[PDB]
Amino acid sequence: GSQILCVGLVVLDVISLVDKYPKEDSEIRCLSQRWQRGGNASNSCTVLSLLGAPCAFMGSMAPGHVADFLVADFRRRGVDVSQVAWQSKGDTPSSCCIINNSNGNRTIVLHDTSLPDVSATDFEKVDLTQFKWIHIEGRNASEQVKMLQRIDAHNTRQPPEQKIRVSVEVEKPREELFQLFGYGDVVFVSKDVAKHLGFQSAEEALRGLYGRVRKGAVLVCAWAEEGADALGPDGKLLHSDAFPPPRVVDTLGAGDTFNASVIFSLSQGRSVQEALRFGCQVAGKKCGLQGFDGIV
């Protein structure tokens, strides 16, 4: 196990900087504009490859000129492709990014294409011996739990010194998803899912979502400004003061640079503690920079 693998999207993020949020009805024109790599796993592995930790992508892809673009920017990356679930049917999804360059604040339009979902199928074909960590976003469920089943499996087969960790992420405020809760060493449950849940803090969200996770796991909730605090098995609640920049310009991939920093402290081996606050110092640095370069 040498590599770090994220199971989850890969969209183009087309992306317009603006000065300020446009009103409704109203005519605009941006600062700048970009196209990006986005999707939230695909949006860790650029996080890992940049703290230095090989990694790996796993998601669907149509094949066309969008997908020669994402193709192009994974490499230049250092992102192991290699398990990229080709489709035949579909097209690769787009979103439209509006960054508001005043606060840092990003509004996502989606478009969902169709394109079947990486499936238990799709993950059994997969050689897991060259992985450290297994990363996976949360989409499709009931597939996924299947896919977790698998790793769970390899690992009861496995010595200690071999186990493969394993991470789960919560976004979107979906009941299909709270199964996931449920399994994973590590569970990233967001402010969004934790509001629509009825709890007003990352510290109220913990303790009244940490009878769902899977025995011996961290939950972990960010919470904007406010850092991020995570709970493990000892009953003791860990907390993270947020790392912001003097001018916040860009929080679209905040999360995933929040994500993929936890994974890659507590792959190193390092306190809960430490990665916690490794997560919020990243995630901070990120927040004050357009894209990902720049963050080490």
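If you superpose the two forms and keep the largest set of C-alpha atoms that fall within 1.5 Å, you have the rigid core. Residue numbers count along the first chain shown, from 1. Compared with the form deposited in another entry:
Positional change of residue 108 between these two forms reaches 2 Å or more at the C-alpha, relative to the superposed core. If you fit the rigid core between these two forms, you'll see the Cα of residue 33 move by 2 angstroms or more. Core-superposed comparison between these two forms: the C-alpha position of residue 213 differs by less than 2 Å.
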Given for the second form:
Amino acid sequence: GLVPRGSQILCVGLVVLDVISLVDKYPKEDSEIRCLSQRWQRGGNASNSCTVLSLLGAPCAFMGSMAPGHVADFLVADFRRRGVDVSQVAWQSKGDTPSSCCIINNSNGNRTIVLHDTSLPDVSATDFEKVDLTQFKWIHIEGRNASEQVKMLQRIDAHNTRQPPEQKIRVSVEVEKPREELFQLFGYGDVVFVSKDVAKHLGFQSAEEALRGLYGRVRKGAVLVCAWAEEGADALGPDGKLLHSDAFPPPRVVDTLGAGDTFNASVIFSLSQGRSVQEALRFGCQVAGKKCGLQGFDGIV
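Since the structure above is the form deposited in one PDB entry, I would like to see how the form deposited in another entry looks, so please show that one next.
We keep it simple here and write out only the one chain, dropping partners and molecules.
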């Protein structure tokens, strides 16, 4: 259906079906056991952020690869259950829609993960060419297939050239896997999220070290953003002033899975509403902190 010009926030990245089984002890190879409970959840960074953005009350759309099938079906249903617009999906002829198996050992809370396979093509720069962008006021890109996504980022730059400052599509990027490839993305977007895990691999030991040490890699004018779990989150702009917000511990911690996806979407959301980096950064921490005391996303409102 009809979508008003410049109203949606689009996230581009992975969606995946996580099957999650809770067990007494970890199963010895070649045995048949029962779990205590089993959940089917929709996963993925770009995917979760959409779930959150919807709850926060923004129109939003997901772009990611799916292949027709029963996994795609459950995945699409959940998306829609969360108010997420699914019309930009790049359906594939080749490969499996991603699906991971996770086994949580109940007595010691360990997680053993069999990761979705690699068969499905990522969204391509030509997949992306075909998208009428007028729809969006903000595009956010989970870093995955970098050479391609660079072309999409350049495409968005083009578009903006011609639009007055109030009809420009804001852009953000997330680099959350320690993979040399992705590091180029640092040079794109108005907002750049770098993850504690990436920063530790590059050798930094605190969000301030990360921001101060990586700011040079970002494009001029850009805000670089780093969250450190319970240590809060920082951010650094062109003004060179290091911004910070402490965490907001919940009553008790229950589910931190997807917390960073929540921090991301919330920061994005707050900025798109015209708030300040300092304000977006705080909000980001508040929503993500609430999430951690909750199971899933339902509570977070």
